[PDB]
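Number of protein chains: 2
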Amino acid sequence: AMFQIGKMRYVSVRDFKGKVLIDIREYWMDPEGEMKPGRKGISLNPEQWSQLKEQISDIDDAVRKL
Amino acid sequence: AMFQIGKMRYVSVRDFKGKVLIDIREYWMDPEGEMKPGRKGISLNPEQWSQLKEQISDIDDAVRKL
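Note that the protein sequences, when read in sequence, are chains B and A. For any residue, its number in PDB author numbering is found by taking its place in the first sequence, counting from 1, and adding 61. For any residue, its number in PDB author numbering is found by taking its place in the second sequence, counting from 1, and adding 61.
All clues given are correct.
As the list makes no split between identical chains, a pair holds if one copy fits it or if it spans any two.
No more than 20 Å apart at the CA atoms, straight line, and that leaves these computed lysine to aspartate or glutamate pairs for EDC-like: (1) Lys68 to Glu108; (2) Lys68 to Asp91; (3) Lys68 to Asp84; (4) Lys126 to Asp76; (5) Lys78 to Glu108; (6) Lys101 to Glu87; (7) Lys97 to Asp76; (8) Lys68 to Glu95; (9) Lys80 to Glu108; (10) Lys114 to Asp84; (11) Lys68 to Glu93; (12) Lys80 to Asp122; (13) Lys80 to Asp121; (14) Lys68 to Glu87; (15) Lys101 to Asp84.
Keep in mind the hints are simulated off the structure, nothing from the lab.
Generate the whole structure from the sequences, applying the supplied hints.
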C-alpha cells in the first residue's frame, strides 16, 4: 500500500518476503513515466515504526522550538 | 535534537539555514564512538512531516492487514 507524504515522497507498507516493512522514501520518474524508488529512503520494521510514533510529541516539540 | 527509534536509527530535528528539517535515518558508529549519518535516510520539511503524521492511521491499518 502507498501513502503520499509530499511531491515525489511516499510511505510504502508491504509484506516483503514475510516481514512487514514501513518504507519512507523519495521517488524519481523515469523516462517511461514510471515512478521509481530513489536512494534517499529508510525501511523500518514495525517495532521501529512504533518507536517513531512514541517519539512524535518530543519530535513535534523540537520542531516548534527550533 | 535526536530521538532514537531503534538500534542505530534516529529522527533528528534541526534548523538548517533557517529551515527546520525532520530527518529519519540510519547511523553508523565511527572509531571514536560517535554516531555519524548513513546514506539510508530521508529529510522531511515540516509540511511533509505533518503529512506523514496525517497518514499514520491509514499506514497502521495497512501494517495490521499485512
